[PDB]
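The other protein chains are all here in position, but one chain of the complex has been omitted.
A, B, C, D, E, F and G label the chains in the order they appear, each numbered from 1.
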Amino acid sequence: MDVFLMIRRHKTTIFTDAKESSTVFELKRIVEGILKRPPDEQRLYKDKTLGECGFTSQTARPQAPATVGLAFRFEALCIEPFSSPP
Amino acid sequence: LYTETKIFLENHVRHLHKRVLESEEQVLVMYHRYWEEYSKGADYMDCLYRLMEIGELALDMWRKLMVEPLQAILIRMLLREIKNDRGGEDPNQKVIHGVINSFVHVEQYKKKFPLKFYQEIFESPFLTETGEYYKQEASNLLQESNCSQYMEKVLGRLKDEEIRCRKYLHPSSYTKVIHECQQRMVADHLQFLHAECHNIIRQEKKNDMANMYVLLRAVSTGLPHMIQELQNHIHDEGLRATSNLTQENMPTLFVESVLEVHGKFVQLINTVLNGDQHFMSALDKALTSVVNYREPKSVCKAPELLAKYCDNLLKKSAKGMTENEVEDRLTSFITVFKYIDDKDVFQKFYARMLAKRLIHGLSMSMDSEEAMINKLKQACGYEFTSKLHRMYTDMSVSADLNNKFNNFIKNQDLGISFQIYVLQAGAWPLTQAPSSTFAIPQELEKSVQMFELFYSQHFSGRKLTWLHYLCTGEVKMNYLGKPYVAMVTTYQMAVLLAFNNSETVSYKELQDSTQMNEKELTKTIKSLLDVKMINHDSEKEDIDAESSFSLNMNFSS
Amino acid sequence: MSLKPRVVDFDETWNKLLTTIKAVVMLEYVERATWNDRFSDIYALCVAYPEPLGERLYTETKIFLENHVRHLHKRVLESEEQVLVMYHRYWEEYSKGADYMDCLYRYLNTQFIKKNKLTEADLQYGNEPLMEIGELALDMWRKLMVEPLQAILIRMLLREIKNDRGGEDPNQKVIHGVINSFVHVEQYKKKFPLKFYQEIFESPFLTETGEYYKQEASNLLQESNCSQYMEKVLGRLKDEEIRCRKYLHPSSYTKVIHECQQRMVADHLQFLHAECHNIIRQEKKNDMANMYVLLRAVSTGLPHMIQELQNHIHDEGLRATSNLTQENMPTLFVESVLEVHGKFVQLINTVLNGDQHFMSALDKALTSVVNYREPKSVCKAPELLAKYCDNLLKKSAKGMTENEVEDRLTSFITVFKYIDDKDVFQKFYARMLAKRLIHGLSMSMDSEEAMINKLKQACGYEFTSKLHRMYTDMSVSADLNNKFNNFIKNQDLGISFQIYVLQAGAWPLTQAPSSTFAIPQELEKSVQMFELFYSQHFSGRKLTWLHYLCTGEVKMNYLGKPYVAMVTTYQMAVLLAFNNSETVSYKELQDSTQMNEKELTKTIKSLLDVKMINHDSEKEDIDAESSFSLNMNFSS
Amino acid sequence: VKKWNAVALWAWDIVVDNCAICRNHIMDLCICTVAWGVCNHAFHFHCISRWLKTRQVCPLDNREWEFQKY
Amino acid sequence: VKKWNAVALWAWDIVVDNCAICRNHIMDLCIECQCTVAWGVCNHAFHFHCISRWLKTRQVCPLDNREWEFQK
Amino acid sequence: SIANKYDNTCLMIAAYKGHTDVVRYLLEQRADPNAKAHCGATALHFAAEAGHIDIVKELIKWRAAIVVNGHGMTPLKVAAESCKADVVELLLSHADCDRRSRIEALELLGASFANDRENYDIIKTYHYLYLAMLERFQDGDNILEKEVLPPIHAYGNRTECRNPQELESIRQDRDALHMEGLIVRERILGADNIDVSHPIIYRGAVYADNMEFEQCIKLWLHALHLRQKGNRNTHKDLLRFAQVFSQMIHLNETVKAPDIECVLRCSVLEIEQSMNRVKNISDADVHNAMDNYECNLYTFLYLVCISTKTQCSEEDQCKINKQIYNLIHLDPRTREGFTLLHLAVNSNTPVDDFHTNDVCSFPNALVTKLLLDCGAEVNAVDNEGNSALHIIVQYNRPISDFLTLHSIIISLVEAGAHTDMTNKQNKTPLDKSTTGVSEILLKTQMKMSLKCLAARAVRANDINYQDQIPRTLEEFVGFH
Amino acid sequence: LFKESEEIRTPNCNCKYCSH
Partner (left out) sequence: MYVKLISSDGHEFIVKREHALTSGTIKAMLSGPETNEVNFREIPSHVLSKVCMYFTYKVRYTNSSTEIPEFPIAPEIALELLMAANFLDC
């Protein structure tokens, strides 16, 4: 019912929260608002409702947000993984 | 010669009438100028000609052949100029006033109808059109404005048309103009601000009442409405001041509650309302109802607390407030004392409470007590405090009688100082008349003998009463290791007599000393047991003649 | 990272910090990357792994700040006529410098400075101690710049203010800033934050305040008139209360205004009480407003002014009632005293703001007016208030409407409160209620009830216990008289008696004679009729039957035309013995009258006054022998 | 013949009977016209005079005795 | 025996001799008993039996001329 | 003659009881009755103390000698102090005597009966003081004046009488005969290391019975000093000293002056210091002194109990607060931990002698508050590893004194109590607390940080802390 | 009702003033 959302595109990473009832189109709009891009150049891509994708408040947590995934152009994903722990 | 002069006057009037009709839209100025010429010539020539006077006939001719024929035109001119002046346009004031004075002068000689022609030619249509203009203007203002600005503009206009009338109008018609404008302005809208007033009075905004009251006083029919409305308002506030008071400190706050409300509300009437009496009377009615209602469930508690309230000043109190400030609160207390519902209810309270004052010497100063007595007298007559005065004289005399007893002592032992108080039952209300008989102890047995000789030589046809139960005295118990002083009653002291000789005493003996019934003496010994000076030899609560009691050798007091 | 580095030579890394902090505390443009690197380096130092390095930093920064302050002071001093102007700018810079410096490094402020400190306990109970950076950087601006220039700056600032008593003001904000800096220097202290500002600024200011206005007041008073001086003073206090709002800390207005008061007015007060006599006497209005406002600051001002005002009323009270119209003793009196109390009420609310004290003065003022007047012996004043209440309630042609009389009784109460001995008033009022209503009604029943209603609430609730039932007593009169008529139905000259049922000890008629005139002769049927009806309805109570002094109308039948004239029980019965015989001997009446001769012949003498009989014996005194004859010519 | 007015003073029967100081008829009998004062106490006039010449104070409340009206 | 103060009332007896109801001394018993004594809030004193008799005959005070009452 | 450690020989203790039959054999056995004790007493001196005329008969038969002991008192004055007039009569009848001690003894003999606890006699007070005074004025040539002593607030500014006229005029006032006697004893026995405390306690106790609390306090105040000159423990005198205030303060007679309490506490300041200094003197022997030391510690609380109830201007507390911090900085160390803050909050069981009442209550709210108002160390830890909040949660009857239990926690979270602390075996404040309602208030006052319990994860792993952490942070590992 | 200190004399040190 509430899922914390993680934006991974190359270096950048963006944090916030949204409701499952929201649609992909609204999240597209939020991304455009925060990054100043047109919707066509935006392409949302996980690895009417955010729950129609397979997400739940049980998997996603304020402290343990379920790993999600996104990308940007129509170039494929290029995500640098975090550093290895010592 | 007079008739021939009239003929030539007709001739010149005809000439001037032709000259006037020749004038195109210039009729007013030239006619006025020829009017002054005519008037001055008439003055000269009537001074020459000093059946009726030539001057009056000349004035009548002047009026008949110009004023009457040209009356429609001149009236239209006047109404147009008046409408212009209402619109801010400035006409020739000199011409207008001069023509008005011409109307005044033409019919001035005739004792009958001095301005009636003057009124009918101009005043009636003028008033009609002016009333119509105020009707239209007031409708326009009410359509697109609120009450306050409308009233302020009405006042400003009232002054402006007053100025204009003083510029032109005769002194007689100011009242008529004011009446007609008043009828036009308010006669149709004085019933809307009567409901709004309830919010205005609730708003408690100082300027709001003042802005409304300036003209609400002028209108008559509305005046009763606010008076009740204001009376209801303060009555609503008064009951609000009743609720927040607590029961524990009720006597002190009750005085403060009315004072805190009375003080702040009176100045409101003086400032905004010019301190009219009618509003003050309404306050008293509601406040009396506030006083009439009693927050404590006990009836007449407000008079009941009042005696205790006054007793605080009356009783010797640690940290005494300034006697000057005391006089101030006492004079303030008089203001409340009017609102009392029943004085005799308070009088009963005051008398009973006053009893303890000379019992225990609660009053710090005897003169302060006297001040109230004089203050009360000025309020409600002599008979209201007849006993309250004879009683005071009774105690002051006792000082000399004790000295006369001291003189009698010179005229003359228990070894113990004996004190005497002499009173009067009619002055001093003690309904408790003891029916039982008490045997006097040995020590007072001496005191009785000398008093009779003392009393006989000084007083005749008299009698004195001995109430022993009310007598109180402190007694120090000697046999205690640490001496202790405790106040005990005389009836106890009679019972206390048999404890010194024998520690354990049966109940039967003490009745012989008291010579009064054991059932009431049972409460006496029971009262002694609770003090625990003696410890009962029987654990039972009930006390009979058989039961004995053991003296407590180690009792501490 | 962020671990312990093995070695860091502060002798090497200190130079970057010394390069950047000097720039920072002078408000030049700094660079962000250097800004973060400086935090990095400070954390790196604050924990040096071989030996923690805490105090060297402290010492170096102290010395650096001290040198900077002195270097500023040297340029500050050698500048004439601009010393405070430049002081302003330098202070305004260094202030913000201090806060930015504190906000730069905090880790030292909170992990090595705090843990070794001195509590306020030992401070109260008691080597220079350790202390936080910001307040050190601020405090060092005391022991170097303020003390050596203290005298110069105080003198210059006082010169500026002294010139500012003139209309123009050289400058508005600079002096405000230099004054306000004194307070803010001592931001952190345990107690008495204002002690410095009070110690080094207040005293010269207050002492200089007095003399300027002392001299100005002298100059004004020596060549000014009382009203002129009174007007002049009010402006200057407002001027100074405006002035203090600029150049001072707000919490010192009170002492300044207070000193102005005690040096402007209170020391010239001997002059103000000198003219307080006249200004009241000419009844002038304007000076009241000024005189009242000015005194209340000093305590002793009011008492003399009140006592003077009161003595003015006492004259106007009596002179308004010097002489009275004999025709209108009740009317003229109440009308005069009523208005004087009216007019002086408006004055108090108009000008003196309705002080509670003044309204007390009026009450004692009039109690010397109404409660007594010197002539006409004593007690003449309180009695006549009845007569005004009598005729106002007597049947008056063109009688005032019920509304206006009602208000008339409401206005009557105000005069009532002043009369002292109300006891005599009751006795005079009761006698009236007797003779009014029995002889002839005067006003409607409700109106007569209205007066009783006010008195009941007015004073002494239930000393009007007497007379209260009287209104009810006549009310029930005819009502039961109907019940008497019912018995009359079951069982004469058309005569019915009033019921006279009313309490003893009230309604005072008294006048009990011994003779009692015996009984009427013409008829006795009347008496028994009452008793029979009365006995069954009333039992266990007495019978009074005061048959004398009982009014009754008579229809005499000796003339052709009977006439209506008042006749009393004693008199009319004597007339009845005259019906049969024109000439009657004296002794015959005494057999019938059974009453004292003086009053018998006094009633007969009453006959002679009306000339209704002719005495046969010439001498006016009548004995038993003397006879008398009927008056045939008499008509009524 | 047109109208009479009959007046008197009505009260209880046994509350007041005679003079308190001297139990005699209220008129011309004492062990005497009715006397009145400020305190308004009535006793036999001979008794009034004798008491006054013994004690000028009121017999009931020891107040001043002035002959008010009767 | 350390200290004693005397309080005394001064009055007379010649003023009142008998009950207004029982026609016998108020202190003494009522005519029926020769008892009990009652008091009203107007401080009028009569025998309780006298008061009860008068009240059952009439609910009027002998002196105050109102509804007779009991203070205690 | 072989004696004990205190040099009391066999025949020294024979005459102590008074059985002359044994002593009669001993002296006839050529035994010396003049052997000196540890102070220096002799059988005659014991006979002077004992006052048995029977034993002295054998002593005079065997020519016993006069010896002054270490206290500096003659046996002739000992009989005067022993209140044995008959033995005085015999020794005044003795062939060899010195008149110097006779006057000195008789003046003290007169002061002996006046100040006597049980055998007090005012007749012997005047009779023997007058006889001694006449011995001074027995000769006009030599005029002996009883030297006056400096006026004292304890003595009420009285000087020693010098003439019979003064003595004759003061026969009327019993206390004046009482009051003069103390000066005689003080003047004479001041040089001697001999106490005069017993008379002053008798005077105060009677004054305690006579409501003369003003005099008894001042009289004992000098008696406090009298104990000090003799280097004698005042704690027993202090033990009764506190109990005196314990009654009348409860009775609310007068609580006017706390500045005197400053003098009282300043007096016990060095006493506790000396008590602490005594602890420094001996280590094993102070085992029982610990309780007396604890008693002095208890008096502190009871003094605070009085200090809490009494109120005055802040300057008096400023005088009071100064020496408090001295106690604070001085070691409050107690066995099994339990410093004063520990002992102030817990059930303060060692209370008695009217202190087991409302004056000294176990929950004591304000006293714990005022201890923090003094500024003691909040985070002190017992050897058990217990904290300040480790004890307050361990409180029975939470409903009783509910406001007090709430009130203490209000201040304790302030001034730096570490919210959750574990020492030795794991003891979270939740764990130590056993009452749910109390734990609720603990939950209300929590404040969430990061490391304050995040570090606790490392104990679950327990990697090497040392040489991997800054210097100051190493304790946060230790705390958790 | 008011108690008194014991002041028990030590048998070994028989002198009153010297107490332990």
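Note that in this section a contact is a pair of C-beta atoms (placed from the backbone, for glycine too) under 8 Å apart; a residue touches a chain by one contact, two chains touch by 3 or more.
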Candidates C:13, C:40 or C:228 - the one touching the absent chain: C:40
Selected residue (touches chain absent from view) among F:65, F:378 or F:469: F:469
Residue numbers in chain C that touch the chain omitted from display: 1-3, 24, 29-30, 32-33, 35-37, 39-40, 43, 100, 103-104, 106
Positions on chain F where the hidden chain makes contact: 448-451, 454-455, 457-458, 461, 463, 468-470, 473, 476-477
Hidden partner chain, residues of chain A it touches: 4, 11-16, 34, 61-64, 82-83, 85-86
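Simple rule for what comes next: only the chains that are shown with their structure count from here on.
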Pair with more cross-chain C-beta pairs in contact, given C-D and B-C: C-D
Chain centre separation (chain C, chain G; CA means) in Å: 79
Inter-chain centre distance, chain C versus chain F - centres from mean C-alpha coordinates, in Å: 67
Chain D residues touching chain C - in the complex, by the definition given at the top: 1-14, 16, 27-28, 34, 69-70
Contact footprint of chain C on chain E as seen in their complex: 57-58, 65
Of chain B, residues touching chain C in the complex: 267, 270, 274-275, 281, 331, 340-344, 378-384
